[PDB]
Amino acid sequence: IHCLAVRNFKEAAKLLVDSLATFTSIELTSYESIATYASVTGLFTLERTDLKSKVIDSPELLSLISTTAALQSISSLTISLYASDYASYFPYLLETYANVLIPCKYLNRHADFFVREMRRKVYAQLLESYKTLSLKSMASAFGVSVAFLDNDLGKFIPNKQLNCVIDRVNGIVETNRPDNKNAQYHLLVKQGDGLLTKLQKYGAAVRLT
Amino acid sequence: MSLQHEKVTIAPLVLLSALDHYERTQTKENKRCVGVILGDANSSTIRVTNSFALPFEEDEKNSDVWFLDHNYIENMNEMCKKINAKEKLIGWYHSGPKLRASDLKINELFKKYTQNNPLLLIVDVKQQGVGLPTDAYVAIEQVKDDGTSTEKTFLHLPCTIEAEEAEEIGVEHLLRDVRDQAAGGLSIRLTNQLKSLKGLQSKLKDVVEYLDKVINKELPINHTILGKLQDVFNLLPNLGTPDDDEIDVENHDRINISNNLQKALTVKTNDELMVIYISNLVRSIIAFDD
Amino acid sequence: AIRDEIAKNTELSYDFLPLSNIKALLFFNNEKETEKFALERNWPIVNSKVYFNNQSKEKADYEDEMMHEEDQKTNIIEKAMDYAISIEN
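Protein chains in written order, with the authors' numbering: chain R, 216 to 424; chain U, 1 to 290; chain T, 184 to 272.
In short, the hints are calculated from the structure, not lab data. Be a bit skeptical, because a hint or two may be false.
Said to hold, decoys possible - Chain U side only, calculated, beta carbon under 10 Å to chain T, not exhaustive:
#: 1; residue: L186
#: 2; residue: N251
#: 3; residue: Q262
To be verified - Here are the computed distance ranges between Cβ atoms for each label pair:
#: 4; chain 1: T; residue 1: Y266; chain 2: U; residue 2: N234; range: 30 to 40 Å
#: 5; chain 1: T; residue 1: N258; chain 2: R; residue 2: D367; range: 48 to 58 Å
#: 6; chain 1: U; residue 1: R283; chain 2: T; residue 2: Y266; range: 29 to 39 Å
#: 7; chain 1: R; residue 1: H401; chain 2: U; residue 2: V282; range: 39 to 49 Å
Beta carbons are placed, not taken as given, at the ideal position from N, Cα and C, and that holds for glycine.
The following block holds chain R by itself, in its conformation from the complex:
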């Protein structure tokens, strides 16, 4: 829950899956909220396949069923990402904001942060699987209008965590993400630059003394 209140939900995921398997209730907020926390972190951290096996490697999440509004709203969303429902997905996103994030102490810091990130994921997965889409159809899949759809996308693309471009004349969405040798090359040099920097300052400091 400390990892949940700060921006690293990756750690939070790793601790809270253990907490499902065995829960210790005294002095710790009740088990339906603990389900809601596992599900929040699950959506953010994982992708389709991983997500599905996580909530089948937790039988308890499914057998607990939605028994509170916050649990219901997060669980509806969990299913739709991994089942690759986009249709009812876009409404569920609004429900999670209302009934989980603002009511919760720790996710009220993440009310704007979550909604922003979660939209990247749902788009990401669809675009990776496609070379090209049409915009109107992509808008319909989610349940938005064509023009509305760009706006959300157009914040994610220059941050370059979505690796795509949008023709507005063909109306096609192009996907030009390297996933080959070129991607591994592109990542590696950043780390190797980092190594150069670490040595540049430490080198100087020892030589002068």
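Given the coordinates of chain R, assemble chains U and T onto it according to the supplied hints.
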């Protein structure tokens, strides 16, 4: 006779022994030491284990006139069995700088005693060649399809060595050179890399001027040579192939490994930089204390 | 000065312009003035259409021609040699 051959393997002893026997007949100036060649055959690889001198006279007036002492050859072979009963005639060595046309007539005489076509191993005594100082031929008789009669001719085979391990360390023991024509570290193979390219230049020169010699000085148009030359071009790359583009991608790959390896080495030495500073740092105190 | 500036720019931007589109961009009001500049700036306008990609080749070719030229191209062979000698320094 075996009419199947592929390679000639040579023991190191053979070369050295013919040079010794050469100076002790005191041969030079078209008087060339010729002895018998001993070893294993009925094998595509001719494996030459030993060699010995024969009493031989070479006339320098005519090399088609020669003396060979035939009787001696049988007696010597019986003593070869005393040493090891698996050494027989498989040819004869020549000590000269190169092939003579009297060597074809000489080769006739050793056919009588060989179960294999007889070997000519030129042991140079000036030690030329950019590989081994030995050239190797075996005499073959064949029809020639160029419209010329049946020749017996010496056709080239590769030269290789097979050295006993026991003997080979004697070569290392004798040799005080740290070797610059054989593999070692980076710098040593950096010479080996340049050396090979300079070997290709010399070999590439000789073909060009042979081709000039054929159509102005009228040396035989030999189809068998020129056929292997046609295959040099067909096996030669062409720019703009996706195979030679893959070479560019493959360059990136190994250079990057060098790039990270170079960083790794730089890290490790910077640990020793700090160590030595900690050694100086302590030794300030010891000095100050004294 | 401005006429020259935009004429460099259009090499990158275009490869095809009609005559009308050239006239506006170079800030000319006369058609003959556009064709006058195009001869002197060495634009091959043939059939009232420019081919700026010819023009990029010239400017790129000029950057190579100046002798520096071994290490400007940068030889595959030369990189490996450099790496080697530093280790064996």
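Query raised in the report: Given a hinted range of 48 to 58 Å, is it respected by the beta-carbon distance of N258(T) and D367(R)?
Result: holds, 49 Å
Requested in this report: Note whether the CB distance of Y266(T) and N234(U) lies within 30 to 40 Å or breaks it.
Outcome: holds, 34 Å
Query raised in the report: Measuring from the C-beta of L186(U) to each C-beta in chain T, is the shortest one below 10 Å?
Result: holds, 6 Å
**Report entry** Restraint check, 10 Å cut-off on beta carbons, for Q262(U) near chain T
**Finding:** Holds, about 8 Å.
**Report entry** When the least beta-carbon distance from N251(U) to chain T is tested against 10 Å, hint result
**Finding:** Interface hint status for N251(U): holds (7 Å vs cutoff 10 Å).
Report task. State, for the Cβ atoms of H401(R) and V282(U), whether the hinted interval 39 to 49 Å holds or is violated. Result -> holds, 46 Å
Query raised in the report: Okay, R283(U) versus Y266(T) on CB: inside 29 to 39 Å?
Result: holds, 37 Å
Of the numbered hints stated above, none is contradicted by the structure.
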